[PDB]
Amino acid sequence: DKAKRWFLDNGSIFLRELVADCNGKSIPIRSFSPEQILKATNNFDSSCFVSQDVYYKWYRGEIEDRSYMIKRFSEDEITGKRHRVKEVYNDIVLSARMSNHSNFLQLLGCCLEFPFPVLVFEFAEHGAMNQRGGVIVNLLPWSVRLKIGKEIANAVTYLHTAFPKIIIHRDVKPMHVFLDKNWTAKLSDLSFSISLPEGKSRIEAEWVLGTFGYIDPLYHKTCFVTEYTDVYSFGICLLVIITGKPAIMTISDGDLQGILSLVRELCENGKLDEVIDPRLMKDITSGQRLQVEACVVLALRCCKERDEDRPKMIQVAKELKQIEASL
Amino acid sequence: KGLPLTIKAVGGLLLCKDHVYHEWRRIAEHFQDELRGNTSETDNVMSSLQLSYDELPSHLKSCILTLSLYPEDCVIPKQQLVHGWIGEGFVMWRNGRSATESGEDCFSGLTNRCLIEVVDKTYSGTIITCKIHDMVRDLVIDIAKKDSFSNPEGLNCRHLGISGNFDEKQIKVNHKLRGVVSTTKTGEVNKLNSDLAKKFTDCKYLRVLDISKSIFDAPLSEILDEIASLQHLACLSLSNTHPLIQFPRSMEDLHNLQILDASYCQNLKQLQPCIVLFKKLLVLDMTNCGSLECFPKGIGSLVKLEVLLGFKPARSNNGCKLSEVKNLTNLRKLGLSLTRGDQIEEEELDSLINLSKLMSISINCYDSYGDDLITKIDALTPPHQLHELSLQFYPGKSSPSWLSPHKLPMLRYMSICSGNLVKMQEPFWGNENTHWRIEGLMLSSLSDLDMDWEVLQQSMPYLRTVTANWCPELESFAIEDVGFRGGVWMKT
Amino acid sequence: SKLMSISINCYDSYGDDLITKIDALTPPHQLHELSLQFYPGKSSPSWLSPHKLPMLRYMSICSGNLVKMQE
Amino acid sequence: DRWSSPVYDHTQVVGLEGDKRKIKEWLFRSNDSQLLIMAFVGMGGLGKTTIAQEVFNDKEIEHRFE
Amino acid sequence: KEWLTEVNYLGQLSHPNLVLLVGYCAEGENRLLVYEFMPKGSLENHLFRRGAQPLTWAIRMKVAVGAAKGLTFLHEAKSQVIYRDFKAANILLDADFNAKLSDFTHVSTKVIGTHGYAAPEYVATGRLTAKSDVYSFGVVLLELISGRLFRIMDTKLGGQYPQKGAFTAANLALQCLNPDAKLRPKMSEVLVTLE
Ligand SMILES: Nc1ncnc2c1ncn2[C@H]1C[C@H](O)[C@@H](COP(=O)(O)OP(=O)(O)OP(=O)(O)O)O1
Numbered sequence: 001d002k003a004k005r006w007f008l009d010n011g012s013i014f015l016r017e018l019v020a021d022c023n024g025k026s027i028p029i030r031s032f033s034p035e036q037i038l039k040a041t042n043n044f045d046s047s048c049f050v051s052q053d054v055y056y057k058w059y060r061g062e063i064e065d066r067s068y069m070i071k072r073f074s075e076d077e078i079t080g081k082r083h084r085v086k087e088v089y090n091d092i093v094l095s096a097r098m099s100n101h102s103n104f105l106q107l108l109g110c111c112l113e114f115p116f117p118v119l120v121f122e123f124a125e126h127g128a129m130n131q132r133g134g135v136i137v138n139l140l141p142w143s144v145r146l147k148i149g150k151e152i153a154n155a156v157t158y159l160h161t162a163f164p165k166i167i168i169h170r171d172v173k174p175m176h177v178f179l180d181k182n183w184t185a186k187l188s189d190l191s192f193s194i195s196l197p198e199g200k201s202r203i204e205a206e207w208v209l210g211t212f213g214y215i216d217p218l219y220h221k222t223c224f225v226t227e228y229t230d231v232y233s234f235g236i237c238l239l240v241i242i243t244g245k246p247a248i249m250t251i252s253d254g255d256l257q258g259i260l261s262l263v264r265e266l267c268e269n270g271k272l273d274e275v276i277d278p279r280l281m282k283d284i285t286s287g288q289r290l291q292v293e294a295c296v297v298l299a300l301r302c303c304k305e306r307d308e309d310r311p312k313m314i315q316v317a318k319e320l321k322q323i324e325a326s327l
Numbered sequence: 001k002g003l004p005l006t007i008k009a010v011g012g013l014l015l016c017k018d019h020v021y022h023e024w025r026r027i028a029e030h031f032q033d034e035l036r037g038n039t040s041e042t043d044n045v046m047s048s049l050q051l052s053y054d055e056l057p058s059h060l061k062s063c064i065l066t067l068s069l070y071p072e073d074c075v076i077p078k079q080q081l082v083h084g085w086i087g088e089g090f091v092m093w094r095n096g097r098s099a100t101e102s103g104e105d106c107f108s109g110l111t112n113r114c115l116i117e118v119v120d121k122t123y124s125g126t127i128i129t130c131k132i133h134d135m136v137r138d139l140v141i142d143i144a145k146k147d148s149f150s151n152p153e154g155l156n157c158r159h160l161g162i163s164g165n166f167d168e169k170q171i172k173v174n175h176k177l178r179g180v181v182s183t184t185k186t187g188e189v190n191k192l193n194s195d196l197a198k199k200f201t202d203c204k205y206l207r208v209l210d211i212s213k214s215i216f217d218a219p220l221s222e223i224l225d226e227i228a229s230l231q232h233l234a235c236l237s238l239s240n241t242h243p244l245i246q247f248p249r250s251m252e253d254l255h256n257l258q259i260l261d262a263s264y265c266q267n268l269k270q271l272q273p274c275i276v277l278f279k280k281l282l283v284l285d286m287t288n289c290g291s292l293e294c295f296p297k298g299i300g301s302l303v304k305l306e307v308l309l310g311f312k313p314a315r316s317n318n319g320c321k322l323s324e325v326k327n328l329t330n331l332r333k334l335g336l337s338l339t340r341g342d343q344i345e346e347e348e349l350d351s352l353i354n355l356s357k358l359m360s361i362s363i364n365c366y367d368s369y370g371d372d373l374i375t376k377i378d379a380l381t382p383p384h385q386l387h388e389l390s391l392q393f394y395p396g397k398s399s400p401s402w403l404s405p406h407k408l409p410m411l412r413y414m415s416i417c418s419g420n421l422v423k424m425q426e427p428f429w430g431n432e433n434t435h436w437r438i439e440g441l442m443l444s445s446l447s448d449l450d451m452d453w454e455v456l457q458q459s460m461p462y463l464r465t466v467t468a469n470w471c472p473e474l475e476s477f478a479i480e481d482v483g484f485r486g487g488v489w490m491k492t
Numbered sequence: 001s002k003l004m005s006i007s008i009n010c011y012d013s014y015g016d017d018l019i020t021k022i023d024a025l026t027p028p029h030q031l032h033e034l035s036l037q038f039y040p041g042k043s044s045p046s047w048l049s050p051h052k053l054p055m056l057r058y059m060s061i062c063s064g065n066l067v068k069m070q071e
Numbered sequence: 001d002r003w004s005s006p007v008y009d010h011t012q013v014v015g016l017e018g019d020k021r022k023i024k025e026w027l028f029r030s031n032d033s034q035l036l037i038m039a040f041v042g043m044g045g046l047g048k049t050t051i052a053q054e055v056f057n058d059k060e061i062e063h064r065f066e
Numbered sequence: 001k002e003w004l005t006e007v008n009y010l011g012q013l014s015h016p017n018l019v020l021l022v023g024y025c026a027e028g029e030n031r032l033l034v035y036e037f038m039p040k041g042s043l044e045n046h047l048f049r050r051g052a053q054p055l056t057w058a059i060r061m062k063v064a065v066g067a068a069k070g071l072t073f074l075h076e077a078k079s080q081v082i083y084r085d086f087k088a089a090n091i092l093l094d095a096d097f098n099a100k101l102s103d104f105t106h107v108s109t110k111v112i113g114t115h116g117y118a119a120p121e122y123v124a125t126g127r128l129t130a131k132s133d134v135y136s137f138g139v140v141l142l143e144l145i146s147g148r149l150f151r152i153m154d155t156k157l158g159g160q161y162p163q164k165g166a167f168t169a170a171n172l173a174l175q176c177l178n179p180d181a182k183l184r185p186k187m188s189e190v191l192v193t194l195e
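Protein chains in written order, with my numbering: chain W, 1 to 327; chain V, 1 to 492; chain G, 1 to 71; chain F, 1 to 66; chain Y, 1 to 195.
This is chain W alone, in the form it adopts within the complex:
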C-alpha cells in the first residue's frame, strides 16, 4: 500500500541523520510489522495510555511474552508546522545513543511505516512520574526519592559531559522520569534538546521553549544556552521530588504559586520545618532530616539568580552522592 511510501521516506531521513550523528556504529534496533504494536496497544485507543505531551503520547503494551512501552508521535501536531520534523529524528537518534547508559530508557526497536516513526522501549512497572510521584493507584519512601534524585542527576551529567558535543536537555522534568521494578530512574524524551557545536559551551538558540516554571529566566531573557540552564530546571525537579507540590500550584487565587519562592521564604522565615511532607511525617527522620535540608540547601544553591553562584552539574551529583553516603 502507501505503507511502503511511509517506510521508504521516513527511514531515509532516519538513516541520513543517524549517519550524520553517530556514523552508523549504533544499537540493535528491531523492526516490526504494524499488527504487533496495533494489537499490543489495542489499536492506540485504550486504557494502556501512560502520558502525553505536545508531539507524542506514551502507551503501555504487550508483544509476545514481554510487555513493552510504546511512544507514538501524534499526526496533527507534527503536521501542522512542516519544519519541526527534525526534533523527532534527533529524538530517535539521541535515544539510540544514550541507550548504553544505565540511567536511561533504552530504545529496543522502531517501526517506521507510521507517523513518523513509532518507538518502543523496555518495560517499567511503575509508570511515568507525576507532578508528585507514582501514577499508580497510590506514597514513596524517602530513601527511594533520594536515590532517584541521584540517578537523574547522573543522567543529566551524562548528557553534559560524555561527548565532544554537549547535549543540553532543557526539559529536565518530573514528567519524563520512569521507574522500573527496582526503582531505578530512567530519563527519556530528548526531542527538545539541542547539540552545542564542538568546543563552545555557549551558543544562542533562536526561540525559547518548554514548560512554564522550569525556564531559567536567564535563558528566557537572553536566549542563549549554557549548562546552567539545565541546572535550574534540575533544581526545581528535586524541589518537586521533596515537597510533592506541583511547580504550578493554586490556593484559590488566580493559580499563581511560584514554588521556589515559597521554599525560599519558608527557608528564611519558616526555617525548614514545613518542607517535610505531611504524607511522609510518620517516617523515622532521625538523621534523615539533616540530609533532607542539606538537599534543600543544595537545591536552592543550584537555583540562584546568577549562574556563577550555581554549581556545575558534575558537582551537584557528587554532593548528592555524599548526602546519601552520609548514613
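Heads up, a few of these hints could be off.
[Claimed, not checked] Dumping the calculated DSS-like pairs for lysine-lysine here, alpha-carbon to alpha-carbon at most 27 Å:
1. W:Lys-147 x V:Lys-397
2. W:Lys-165 x W:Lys-86
3. V:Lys-121 x V:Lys-397
4. W:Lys-321 x V:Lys-423
5. V:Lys-61 x V:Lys-169
6. V:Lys-397 x V:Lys-312
7. V:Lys-61 x F:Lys-48
8. Y:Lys-110 x W:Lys-57
9. Y:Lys-182 x W:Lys-221
10. Y:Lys-164 x W:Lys-221
11. F:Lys-20 x V:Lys-8
12. W:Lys-221 x Y:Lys-186
13. V:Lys-1 x V:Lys-131
14. W:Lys-245 x Y:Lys-186
15. W:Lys-318 x V:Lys-423
In short, the hints are calculated from the structure, not lab data.
With the hints as your guide, set chains V, G, F and Y with the ligand onto chain W.
Then chains V, G, F and Y with the ligand, alone, in the frame of chain W:
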C-alpha cells in the same frame, strides 16, 4: 600543512618571481600541478616521496595504490581497506595466514613505512581508522595517473570510487570496472538513484562491490536482481543502506564470494539458504543487525571462514544451534548475541573448547529477557587460549564463574561495557599462586560494580592501562575520576 | 576575477554625458596596469583611489583634457 | 645521488628547542646503559636529519662526546 | 464563531493612543493587515540605531505618559481586556510624538516577553495579570530612560538633575520593579506622579 619540505619548495618556487599578486593567487588555487613539475626537475619533493614509494613489495605497492580513491581529508576505516584487499586479490596466502591476519600485517606494513598514519586506537592497541598526508595522497594519484588503476576522468578505468550525492551527476562507467567502492567523508550518505545501480550489474568483471553509506530509491531485492551476471564477485559490504530488507534471491550462482558483510542494517529479516553451499567464505559479518531471524541451517557446512560476528544461536526447530560451531575449526574472531534462555542448549554448552585457533570473543547480551539466560551462560567455557573478550551488556549480577586465570590463563586484553553486574566472585581473584597476566582493562558504564584497586594490583601484576569512564561507585582508583569522566592510568 | 589590465581609448569622444557615465565604471580590486589615454574629462574619474583599487602597480596617462586630480 | 652532512645553516631552523632539550637529556644518560641507541622515525621530509644536526652540532655534546 | 466576537471587541476600541482601526473589512483570512503607515515607527527606530535621531530631554517621557494614558483606557473600562505584549516595538510614534499600541492554552514555545519584558512570577507560573502588565510597563520605562546616586542613564544630555523626571521616574521604577505581586502600583499614579 606542516611539512617543511613543501614549504621550502614553495618558497624556492616563489623566489624566482616578481612578487605581483596574480601568480601568487593562481599558485594558491593551482598548487599540485607545479610541485609535480618540480620547477622542471630541480627540487623534487615528488622524488623524495616516490623513493619511499619505490621500496615497497609489489603487493604492498598495489595496496597503497588504492588510497588515491578517497576525498580530501576523509578518515578511512581500516576494515573496508582490508576487505577490499582480500576481495580483489592483492593478498595471497598459503601458510595459515589466510584472510584477516594477512590484511592485518599488510596494513601494519604500510603504517610502518610511515605512509598511512593512524587516527584512533582502542584499549587493545588495534587500529580502526586511518588517514594519510595529502602529499602522499596526490603522489598516489599521480602514480594512478599511469596504468588505468584510477583515471578519474575520461574512459579507461579499472575501478571507481563514488563520493557523496551522485543521484544526478551520472558517473561514467565502462565495462572494465574491477571494483566499485563508496568513499564518504565521515558523516555523509551517497544519495544514489536506480540506474547507476542497474549499470553496476552490467560490469562483467567486478570483484569488489561495497556500498557503505547510500540511500536508494527502490528496494535492493529487485535492484540487484541480475547479479547472476556477476560471476567473479569476491566481496559485498551492504552496510548502512535504507531500502535493504531482503537481499536478492538470484544468489545461487555466486560461487566465489569470499566474504559477505552486512553490518548495522537493522532490517534484514531472512538470510537465504544459499549462503550454505558455496563453501568458499572467509568473513560473515552481521554486527548489531537487530531484526534478523538469526541464521540459516548449514553454517557449520562451510569450513574455511575466519570471522563470524553476530551469531544469534537459534531455538530448537529454528535456524542453527551452537553444535556446528565445533565444526568451524578455522575461525579466530567470534561474536555472540543472546536474547533469551532457549537460544542455547544444554549439551552444546561445551561447544567452545575445541576451537584451536580462536583469538577473540564478543558477547552482546543486549535484549536479554530472563534469569534462565544468566544461569545458562555460566557453562559456556572459552578455550584456554583467548586473547580478548568483550562481554558488553550481560544481565547477570555476579561474574560468569569462568572468569578466572584457571579457565583462561593467556588472557591479555579485556573490556566490560554496560551491565547489571554487582560484584566479582571468589574465582575471579584466585590469588594463591595464579595471576591474570592481563594487560589492558576497560570498564565502560557500570553503576553496580564494586571492587578495590590495590586488590587488583596484587591480582593483576602485568597491567599497563585501565580505562574506566562511567563507574560512579568505586572512588578508589588512581584515575582522576572513575565516576563521570574517565582516565587511563598510564603507569610507568 | 582574473583581470590584469585595462586600456581606455576615449579618442573620438563627443559629450559630457560620456564623462558623467564613465565615473561609475569601477575596475576590480585586483588591477595591475591601467592606461586611460584620451579621456575628455577635466577631473579624475572618481575611482582613481587606493580604496577602489589597492594593488595597482603600473599606470599611464596619455593625452587628455584633465585639469586636476580630486581629493 | 642522495647524501647528507652535519653542515647546516642554524638560522632558518624554526623552533625545535624542546625536542633538542629532550634529546640532550636522553644523551646525558648514556652511561646508564651499555650502548644507548636511539631512533628518529617519521615520514619523508619532516625534520629528522635537521634535528640530528641540531643536536650534535651543539657545544655541550662535543664536551660530552669526543 | 470568529466573526461576531470580532464585532464585539473591535466595537469597543476607539482610543487615541492606540493604533486606530484603519483596516477593518470582511477580511476572511488571518493577519495581512496594513494599518496604512507609521511615519517614525517604534522607539527602536530612534533609540537603538544611531543615525535617525539623537535622544531628547524630558520630551519622550510625556510620550510614555501618553502610552500610560492609553493603558488607562486599557485596564480600567475593561471587563477583562489585557494587552499582554508590552515591549518597545509595540509602542509607536507619530510626527507629533504620539504613542500608539496594537496587536491584541498551554504552549511550549515561549513568545510572550522573550527578553527582559517578562514578569518573574509569569516566568514562574504563566498566568498573565494586569500587574504583570504594570511590571512590563515599568521595564518599558527602564528601557526608554536607559537604553539596554549614579544618575548616568543618559550619555548625550546629562543635565536632567533639575528636570526631576529622573527622581520621579526612578521612584516609580524602584517601587514598581519589586519582585512581589502585592505591593503592585497602578497606572493612574504613574501618570499623576510626574506632571
Ligand atoms: N625545523 C625546521 N626548520 C626549518 N627547516 C626545516 C626544519 N625541519 C626540516 N626543515 C627543512 C630542511 C630541509 O630543507 C627539509 C628536509 O628536512 P630533513 O630533515 O632533511 O628531512 P627528514 O630528515 O625529516 O627526512 P628525510 O631525511 O627522509 O628527507 O626540511
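Okay, the hints, checked on the actual structure:
1. W:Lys-147 x V:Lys-397: Holds. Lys-147 of chain W to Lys-397 of chain V sits at ~20 Å (cutoff 27 Å).
2. W:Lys-165 x W:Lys-86: Status holds; Cα separation ~18 Å.
3. V:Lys-121 x V:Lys-397: Distance ~30 Å between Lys-121 of chain V and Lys-397 of chain V Cα, so the pair is violated.
4. W:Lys-321 x V:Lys-423: 20 Å, holds
5. V:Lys-61 x V:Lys-169: With Cα atoms ~32 Å apart, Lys-61 of chain V and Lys-169 of chain V exceed 27 Å; violated.
6. V:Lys-397 x V:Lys-312: The hint holds at about 22 Å.
7. V:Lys-61 x F:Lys-48: 25 Å, holds
8. Y:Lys-110 x W:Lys-57: 22 Å, holds
9. Y:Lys-182 x W:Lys-221: 24 Å, holds
10. Y:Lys-164 x W:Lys-221: The hint is violated at about 31 Å.
11. F:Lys-20 x V:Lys-8: 22 Å, holds
12. W:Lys-221 x Y:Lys-186: 25 Å, holds
13. V:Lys-1 x V:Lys-131: 14 Å, holds
14. W:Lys-245 x Y:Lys-186: Violated, at about 32 Å.
15. W:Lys-318 x V:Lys-423: The given pair, whose Cα atoms are some 22 Å apart, holds under the 27 Å limit.
Against the hints set out earlier in the document, violations occur for numbers 3, 5, 10 and 14.
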